[PDB]
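2 protein chains.
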Amino acid sequence: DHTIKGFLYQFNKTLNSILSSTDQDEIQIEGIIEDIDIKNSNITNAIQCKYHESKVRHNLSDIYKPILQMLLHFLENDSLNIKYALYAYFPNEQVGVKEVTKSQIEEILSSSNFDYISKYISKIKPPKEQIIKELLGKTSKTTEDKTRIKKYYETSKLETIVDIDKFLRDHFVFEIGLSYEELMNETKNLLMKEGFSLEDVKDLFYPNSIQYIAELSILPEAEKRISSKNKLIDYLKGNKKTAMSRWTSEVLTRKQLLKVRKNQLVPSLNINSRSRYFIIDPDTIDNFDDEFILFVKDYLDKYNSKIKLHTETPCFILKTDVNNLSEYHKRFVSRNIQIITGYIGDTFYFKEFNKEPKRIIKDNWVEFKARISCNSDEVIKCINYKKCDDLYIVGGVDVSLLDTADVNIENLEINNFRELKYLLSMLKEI
Amino acid sequence: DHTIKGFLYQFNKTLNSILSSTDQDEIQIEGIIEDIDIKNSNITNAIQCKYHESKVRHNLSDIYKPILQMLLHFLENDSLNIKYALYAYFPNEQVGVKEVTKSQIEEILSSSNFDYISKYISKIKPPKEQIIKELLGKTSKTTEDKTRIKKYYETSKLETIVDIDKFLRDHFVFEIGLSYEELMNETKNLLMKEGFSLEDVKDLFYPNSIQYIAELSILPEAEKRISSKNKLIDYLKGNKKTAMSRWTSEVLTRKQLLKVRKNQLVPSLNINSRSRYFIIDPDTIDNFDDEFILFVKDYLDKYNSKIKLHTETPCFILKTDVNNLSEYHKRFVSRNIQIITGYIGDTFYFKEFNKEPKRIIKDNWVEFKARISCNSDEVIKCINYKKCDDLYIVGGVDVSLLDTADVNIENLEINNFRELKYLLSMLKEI
Numbered sequence: 007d008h009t010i011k012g013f014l015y016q017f018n019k020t021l022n023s024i025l026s027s028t029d030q031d032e033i034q035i036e037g038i039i040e041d042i043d044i045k046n047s048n049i050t051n052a053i054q055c056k057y058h059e060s061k062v063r064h065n066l067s068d069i070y071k072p073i074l075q076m077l078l079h080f081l082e083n084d085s086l087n088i089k090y091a092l093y094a095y096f097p098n099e100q101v102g103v104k105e106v107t108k109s110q111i112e113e114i115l116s117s118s119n120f121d122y123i124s125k126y127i128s129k130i131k132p133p134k135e136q137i138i139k140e141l142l143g144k145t146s147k148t149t150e151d152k153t154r155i156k157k158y159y160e161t162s163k164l165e166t167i168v169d170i171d172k173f174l175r176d177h178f179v180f181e182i183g184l185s186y187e188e189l190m191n192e193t194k195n196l197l198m199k200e201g202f203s204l205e206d207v208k209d210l211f212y213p214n215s216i217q218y219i220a221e222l223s224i225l226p227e228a229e230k231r232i233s234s235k236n237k238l239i240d241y242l243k244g245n246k247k248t249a250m251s252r253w254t255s256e257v258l259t260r261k262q263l264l265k266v267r268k269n270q271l272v273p274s275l276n277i278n279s280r281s282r283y284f285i286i287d288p289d290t291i292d293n294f295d296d297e298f299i300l301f302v303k304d305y306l307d308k309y310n311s312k313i314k315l316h317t318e319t320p321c322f323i324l325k326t327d328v329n330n331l332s333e334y335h336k337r338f339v340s341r342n343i344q345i346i347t348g349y350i351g352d353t354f355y356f357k358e359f360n361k362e363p364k365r366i367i368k369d370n371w372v373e374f375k376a377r378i379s380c381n382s383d384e385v386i387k388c389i390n391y392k393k394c395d396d397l398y399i400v401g402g403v404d405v406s407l408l409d410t411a412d413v414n415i416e417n418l419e420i421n422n423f424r425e426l427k428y429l430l431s432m433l434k435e436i
Numbered sequence: 007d008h009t010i011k012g013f014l015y016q017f018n019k020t021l022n023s024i025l026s027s028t029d030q031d032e033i034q035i036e037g038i039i040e041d042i043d044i045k046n047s048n049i050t051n052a053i054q055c056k057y058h059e060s061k062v063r064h065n066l067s068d069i070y071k072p073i074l075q076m077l078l079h080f081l082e083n084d085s086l087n088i089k090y091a092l093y094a095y096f097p098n099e100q101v102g103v104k105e106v107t108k109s110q111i112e113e114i115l116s117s118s119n120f121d122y123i124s125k126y127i128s129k130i131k132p133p134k135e136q137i138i139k140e141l142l143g144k145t146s147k148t149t150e151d152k153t154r155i156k157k158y159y160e161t162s163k164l165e166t167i168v169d170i171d172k173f174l175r176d177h178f179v180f181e182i183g184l185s186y187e188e189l190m191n192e193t194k195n196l197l198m199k200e201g202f203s204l205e206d207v208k209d210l211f212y213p214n215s216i217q218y219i220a221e222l223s224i225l226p227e228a229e230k231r232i233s234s235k236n237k238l239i240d241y242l243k244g245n246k247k248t249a250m251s252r253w254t255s256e257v258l259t260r261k262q263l264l265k266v267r268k269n270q271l272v273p274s275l276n277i278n279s280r281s282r283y284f285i286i287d288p289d290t291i292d293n294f295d296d297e298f299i300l301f302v303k304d305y306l307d308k309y310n311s312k313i314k315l316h317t318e319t320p321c322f323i324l325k326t327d328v329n330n331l332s333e334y335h336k337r338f339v340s341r342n343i344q345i346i347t348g349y350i351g352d353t354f355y356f357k358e359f360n361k362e363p364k365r366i367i368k369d370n371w372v373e374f375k376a377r378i379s380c381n382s383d384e385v386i387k388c389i390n391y392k393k394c395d396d397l398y399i400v401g402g403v404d405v406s407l408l409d410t411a412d413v414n415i416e417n418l419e420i421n422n423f424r425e426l427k428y429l430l431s432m433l434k435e436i
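So the sequences go chain by chain: L and K. FYI, PDB author numbering numbers position 426 of the first sequence as 432, with every residue one higher than the one before it. FYI, PDB author numbering numbers position 191 of the second sequence as 197, with every residue one higher than the one before it.
Since the hints were derived computationally from the structure, they do not count as laboratory data. Please note that a few of the clues may not be correct.
Given that identical chains are not distinguished, each listed pair holds provided it fits within a single copy or across any two copies.
[As the list claims (entries may be wrong)] With a straight-line Cα cutoff of 30 Å, these simulated DSS-like cross-link-like pairs (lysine-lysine) come out:
#	residue 1	residue 2
1	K61	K230
2	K208	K243
3	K265	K199
4	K71	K108
5	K125	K152
6	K89	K104
7	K235	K357
8	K243	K427
9	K71	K11
10	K303	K357
11	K89	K56
12	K325	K237
13	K247	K235
14	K265	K45
15	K237	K427
16	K194	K261
Pulled out of the complex, with its shape left as it was, chain L reads as follows:
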């Protein structure tokens, strides 16, 4: 449980650092250098997180390994402007910056642990004997070699390549961290400072942020582990908005949703000079063949009946073949409805599809009242040539080949023509 608590403390510290950072700061969760790598414009901040709730008092030996690791990293990267921070919690130690003296650092380099000597002290303090260097270079070391290396490092005085004074002055800071409960309290307070309510932070924002930190921590790729305050804020806001919309919906009935959509649709339908394109999947509407002609007749009687006022010809695009289009053309001609399909035989003509109908107002005559064609590449190109102002999609037809830029797309979810007529304000009540 202690390891889990320490990992959660590290995650909370990373979240606090992300919240407290600016929009220009790049922070790497489980970074290459340390647990938290905050990359500013010119200074890179490396933070090591340690949790010692079970330790009554802080001891120098408790932090031997992280100090040796960061000293080795500084030795390997002395030319880089990297500031190493050690964030360790101790119940009986005052929260704040704790100074580490040069004598304490020298005491760390004199530790009798063989693992530290072989891993970090050897590189920090190179051995002056070639035999010791060869022994340290061995991948597998026997007990006799370990004892020899330990005795040599305990008895021999070796110079330190790492500039302890300059590093302690400029590139190192040691801070006693807050308690884990105080850590979550401070993190939630920072979350509240972003405009989020306390209840929202407690229920949604804090667990989501913790899960996000945990998910980014396990990614093997270092680049994918880089996050920022703006990205986290946007992710949380998007999750909140999606949850709000989903929970606002799914409670009402079909009639109320249809009425809301109808009121959403009415204003664009109350205009007499609007070009409207319909893309329909016949398999999503019950009894399409029997009621397609009557639907078009009612639509033309409603929105394309005034010769002087209605100046735009509606377009109907269907997910069918050409033979069904010819059958629909026959059924339209038999009812004194003038349409153009663009197809002559089985070939599409570009100039026969985009021509504007001629109007003779005195005799109340329009050459053709609607464009009805199929879902083909040529028709899609023709539609893209002359963009519409409203684009209604019925049945979830694939619209990847259309130019959706700067066109008002309005998806309609229906399963019969009565609902379609209700949505388009051709019926008063279903």
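Fit chain K to the supplied structure of chain L, relying on the hints for placement.
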């Protein structure tokens, strides 16, 4: 990162066990016996979680320590009806129950590692020499003692007190676990079967459950670590209900405030010959680039459509650069909306921006329908030269350099274009 992934895998496994368990099953997260302690009416199930994604092939040595601990616990608790289960994941091992033979267990008891011999093998296989017993009883053991114990346990044949056959037959089972992604998917599908929608599980329920598991895993008290499916379900349902109620209330109060503001703004928007200037901060409106063109098109359809009645041209000022203005101008050109910017390349022109459009009522032609430009000094001087009846500010743009004497200023507080269309009486209901 591997340890974090393993801990997350353990959390997912115990969450899956909690979801799959019945309402009468008491499950202890981070239990006394193993990671998962499922306590039924008569049988207690102990589950040990291991993650070995980095291991190509499963090896017997990979499970030496868990099996030895399991055998030691069985020896100490043979009278208790505890079924010990091992849950480890290997990428190249088929998911399912894997049998462990008695010969394999005997091989585990013959491991040469000193730690295992001193901790578990010594108790499982007591030494027949009193010297070895005294050495094992020492709290601190020197290297010579460790070597002596290792040699004695390697060379001496010791009987096994633990009933290996009975343990393997009744109290032991080894199962190859699923992958971390597969375990997450199975847990979500279990939450899918609980009536919680997939989006709800992804956004709220799963992160909340993971946070709850993590919080219960760190509790020092064993009793506080006992959880059940019903408690988690009730906690999730209560959180969802409270959040939905709060979000509904927030929506209601926001709509009331917006309705009050709309009714405030209605009287001035019904005049057909009023000059209106807009100052917009793009960063304060979500999806500004993808929706700016449509908003202006609808605004011109509502307020600049009547050639003989609508005589004033709107002016839109943005907090952008000239290049973005050129891009917007291109997009307006592509949509057949005539606008002027006053810019030729990078040079502003006072006379090009201050001119009035020409009108031909017979042809229903206007030279340009809107003025769109950035908030440069020259543009603001042009605005100051010709004062407007109504000045609208969106996003709190600094208007300190404008001469706002005897100018009606209407600050608008919005965060998307739907709210703006509501305020300007372009939509009937949000």
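Hint check:
1. When the C-alpha separation of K61 and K230 is checked against a cutoff of 30 Å, the pair qualifies only between copies, where the shortest distance is 23 Å, while the shortest distance within a copy is 35 Å.
2. In the homo-oligomer, the alpha carbons of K208 and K243 lie at most 30 Å apart both inside one protomer (15 Å) and across protomers (15 Å), since each shortest distance falls under that limit.
3. Within a single copy, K265 and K199 get their C-alpha atoms only as close as 39 Å, which misses the 30 Å cut-off; across copies the closest is 28 Å, which meets it.
4. When the C-alpha separation of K71 and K108 is checked against a cutoff of 30 Å, the pair qualifies only within one copy, where the shortest distance is 16 Å, while the shortest distance between copies is 41 Å.
5. With identical chains, the CA atoms of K125 and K152 are at most 30 Å apart both within one copy (12 Å) and between copies (24 Å).
6. For a Cα distance limit of 30 Å, the shortest separation of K89 from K104 inside one copy, 15 Å, qualifies, whereas the shortest one across copies, 50 Å, does not.
7. Proximity of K235 to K357 under the C-alpha cut-off of 30 Å is found in neither arrangement, the shortest distances being 54 Å within a copy and 45 Å between copies.
8. Proximity of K243 to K427 under the C-alpha cut-off of 30 Å is restricted to the inter-copy arrangement: shortest distance 22 Å between copies versus 36 Å within a copy.
9. In this homomeric assembly, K71 and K11 come within 30 Å of each other (Cα to Cα) both inside a single copy, at 20 Å, and across copies, at 23 Å.
10. With identical chains, the CA atoms of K303 and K357 are at most 30 Å apart both within one copy (25 Å) and between copies (28 Å).
11. Taking the shortest Cα distances, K89 and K56 sit within 30 Å of each other inside one copy (17 Å), while across copies they are farther apart (36 Å).
12. When the C-alpha separation of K325 and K237 is checked against a cutoff of 30 Å, the pair qualifies only between copies, where the shortest distance is 23 Å, while the shortest distance within a copy is 41 Å.
13. In the homo-oligomer, the alpha carbons of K247 and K235 lie at most 30 Å apart both inside one protomer (18 Å) and across protomers (28 Å), since each shortest distance falls under that limit.
14. In the homo-oligomer, the alpha carbons of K265 and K45 never lie at most 30 Å apart, since the shortest distance is 52 Å inside one protomer and 46 Å across protomers.
15. Taking the closest pair of Cα atoms, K237 and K427 come within 30 Å of each other only across two copies (28 Å); inside a single copy the shortest separation is 43 Å, beyond that limit.
16. In this assembly of identical chains, the alpha carbons of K194 and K261 lie at most 30 Å apart only when taken from different copies (28 Å versus 35 Å within one copy).
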